[PDB]
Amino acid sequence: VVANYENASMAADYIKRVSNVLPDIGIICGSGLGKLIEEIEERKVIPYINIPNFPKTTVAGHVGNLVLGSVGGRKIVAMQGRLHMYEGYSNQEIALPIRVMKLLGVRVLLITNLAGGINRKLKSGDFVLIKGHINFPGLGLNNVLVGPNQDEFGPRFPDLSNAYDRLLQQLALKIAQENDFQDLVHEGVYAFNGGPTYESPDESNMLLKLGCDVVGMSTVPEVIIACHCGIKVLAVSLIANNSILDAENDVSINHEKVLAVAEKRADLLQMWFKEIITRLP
């Protein structure tokens, strides 16, 4: 199924019939960082299997729902169950849910992820507001937009220079200052490692040379589809480790350690994003 105007329209029509919510904010949450979705008020849960043209996710299993409702007096739509390109999903499968958000009325997309620290001053448990990216799949002919252009959504050759909205970064930082955790908050450039292997020690050293602050396996495909169709983005990385220190010390990293960091910062991140939603212009 192609992520075209007709197929996205059929999905949007179904969602509008069953939900009665017109959202202007979309959210996609990282692993272990989804508790905010469980606090959506007056909510409607829509299994992906029920939505015309949504991708099939039963090989990976686990949860897969769209959730619509209210947070802080604002109307939102959340993806509960994220699609990642290292799982083998196609460009068209990743893009269709974001283009459906666009047709439902979404103007702002908020994204979180887990990442490895490259910049030497980043510690486990820090947050990084993403200000730009280095897209190794895109340079290498695996960009999410390779294929025919869907002209109803955006241009053949998009400019990504404003993909990460400056004013949304400024608001996120202001709220951190108001709540006395600004010492945890940095800004930086995100390297997209297609995955699913963690960056090797020598790849980490290369990313340091090339101007990268953090590295991870998600987010950039969604950012590009959003920018192509005019949706503003705020993207925040939670740092699980410093990959450069681990390379210099011959120390390992695993999904388990990553998940313990997520649990340590989950409640803080949930409160931060609830306040960002409440305060968005």
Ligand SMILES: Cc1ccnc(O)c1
Given for the second form:
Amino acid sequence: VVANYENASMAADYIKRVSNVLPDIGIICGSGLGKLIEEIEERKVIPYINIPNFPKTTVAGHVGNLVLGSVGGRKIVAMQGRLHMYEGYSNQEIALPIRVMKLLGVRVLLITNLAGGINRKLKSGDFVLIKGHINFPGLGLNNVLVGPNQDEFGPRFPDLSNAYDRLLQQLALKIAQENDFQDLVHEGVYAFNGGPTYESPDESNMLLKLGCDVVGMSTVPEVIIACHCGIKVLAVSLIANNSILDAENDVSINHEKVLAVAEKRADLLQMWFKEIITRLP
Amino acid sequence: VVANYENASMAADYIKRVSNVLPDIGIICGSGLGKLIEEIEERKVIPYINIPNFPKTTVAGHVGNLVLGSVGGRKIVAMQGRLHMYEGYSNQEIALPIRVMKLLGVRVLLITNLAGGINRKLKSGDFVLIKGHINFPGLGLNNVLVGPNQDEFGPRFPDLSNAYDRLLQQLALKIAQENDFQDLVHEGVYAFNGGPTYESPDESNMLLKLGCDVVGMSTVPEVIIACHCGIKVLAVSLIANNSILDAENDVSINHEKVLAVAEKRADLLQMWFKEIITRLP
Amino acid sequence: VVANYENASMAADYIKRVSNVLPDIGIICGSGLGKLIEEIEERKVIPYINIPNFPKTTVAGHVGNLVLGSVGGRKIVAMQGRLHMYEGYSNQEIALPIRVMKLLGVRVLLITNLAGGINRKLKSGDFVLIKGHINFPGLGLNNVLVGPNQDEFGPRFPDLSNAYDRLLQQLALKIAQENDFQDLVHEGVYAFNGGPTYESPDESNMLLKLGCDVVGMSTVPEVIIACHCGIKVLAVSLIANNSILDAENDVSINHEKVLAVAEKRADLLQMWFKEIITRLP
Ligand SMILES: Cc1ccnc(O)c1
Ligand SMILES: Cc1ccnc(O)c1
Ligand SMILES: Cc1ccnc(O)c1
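Could you give the coordinates for the form deposited with ligand CQJ bound, as opposed to the form deposited without ligand CQJ above?
Shown next: the complete complex, the earlier chain at its head.
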């Protein structure tokens, strides 16, 4: 199923019939960082498998719902269960849920992820406001837009120089200052590793030389589809470890240690993003 | 349809029946840089869709013709409507038209493209004679030769160290000197970005560190198929912008600005390549 | 055919019925470096094409056998005819033979390859003990583990920091010292170029800047599948040329020169790996 105008429209039609919510904000939450979705008010939970033309996700299993409702007086739509390209999903499967968001009325997309630190000033537990990216799949002929262009959504050759909205970064930092946790908040360049193996010690050393501050396996595909169709983006990484320090000390990373960092920062990230949603212009 | 000896032969048979031209020069012209094709003498226009085993191009649409005839007393074949890998074409679809050129008798392939400047001495409107490349799709398992080797055309493991003929570069520069526009002509290393998103500001900064002079989304696949089967190559980029300066000044690139640069330099590029064809040994 | 638990089990069942050997060591030998397989004792040769669920290899042709028997009193299984990703094999086709090795009882995998030298201290004829890697296909969304995870074999997100066993490197070097050829033995970081074109002169210059010591077109996929399922690895490159010196002197590489280096070092590599097998803990 192609992520075209007709197919996205049929999914949006179903959603509008069931939910009655007209959202102008979308959210995609990272691994262990989804608590906010359980606090959406007057909410409606729609399993992906019920929505016409949504991608099949049963091989990977686990949760996959679209959730609509209100936060801070604002109308939102959330993806509960993100699609990752290391699972084997195609370009068309990644793009269709974002283009449905567009047809539903979304103008701002807020994204979180868990990532590895490269810049030496980053520690486990820090947040990074993403200000640009290095898209290794894109350079290597696996960009999320490879294929026919869907002209109704956007141009054949997008410019990404303003993909990460500057005023949204400034609002996120302002709220951290108001609540006295700005000492945790950095800005940086995100490198997209297709995955699913963690960056090796020598890949980490290479990324340091190339000007990368953070590395992870998500986010850049969704940012590109959003920018292509005119949706503004804020993207924030939670740092699980510093991979350069780990290479110097021969220390390993693993999914269990990552998720313990997520649990440590989940409630603060929930409070931060609730206020960001409330304060959006 | 595989780009094998049998299938390429059937396409060449059709072409020979219709055109009567036996070319020894091939040309592939970049976006907005095709005016020379409209001035081929005693010419024959063959739509791709009529040629057995040529790739289907109707999803992308727009022009797609093979044009045979004479320029400067020399017999040539031109591709009018280039195939780009960001459209989703396979390795086999890109390679078959070049291998048909080989079977028709082509010994020299002349290529132009529109590209972004990385080296600080490059301005909008400059030309770059390409002397080597950095093939990010190739390093990343998307080389145009991934698949079975077609032994009749070339070896399993090609050497690319002489892919860009030195004497052809010298002839191009000599002609620019004769017509007093050598101040526009540089040489440089071409980085292949699969695309279709323009290089981001941080990708541009990375490419500067890695020794790239120019970046674009074409040309390297055709060069590799030509080198594999023994065809000599001249490749010239027209620079639309300097992406490093643009990142420093927060200025955007877009397809409209690119095509205005193409129109500005089209007639000079036409005159240059007409003389190159006339003067080839 | 997916490289899952059921399918790997059916291949292992066939092999156990035919060979009676229960190996705990596996070997994969590089191009022109397979002489040791012809000296396996009380051996059993099983063509890939006879084994249920093994990948089809007739388009590429040439030898493809699994060979079981004894070396130095140890029980081994060898792949005679390696599968390379530049031939077009899928992730699932590369992984299934390694996962069959796991089910048969393999705990240690020994690998050799032919590679190009980047570090300036490497000469034609030198050996490199691989201590880490830079996986350009992996960064670019062509990692061998892209797809559903097969949970019975290993975790969704592997850590590769100990993929190249340190004690096995130390044993290999000790044996070289005992036989007075340690002057040929280096250690280094291996860059994976998907291929099949040799690294270009400008790609070589880039790899030097990025901390790569050696470059080649194999080995990293098998290492990752082995590490994922808990198999220890020793990987050794034989250097055919120095690509940085060749770029400075405008000298070419080709398959014929490569194989002459292989013949020059084949008998020493055979003796070295026989002793390594004998001495494994
Ligand atoms: C959380 C973690 C840290 C390391 N690298 C990633 O891709 C993810
Ligand atoms: C003409 C243009 C300039 C920027 N980058 C490209 O790929 C193309
Ligand atoms: C043997 C050789 C030397 C150059 N590069 C490779 O991939 C292989």
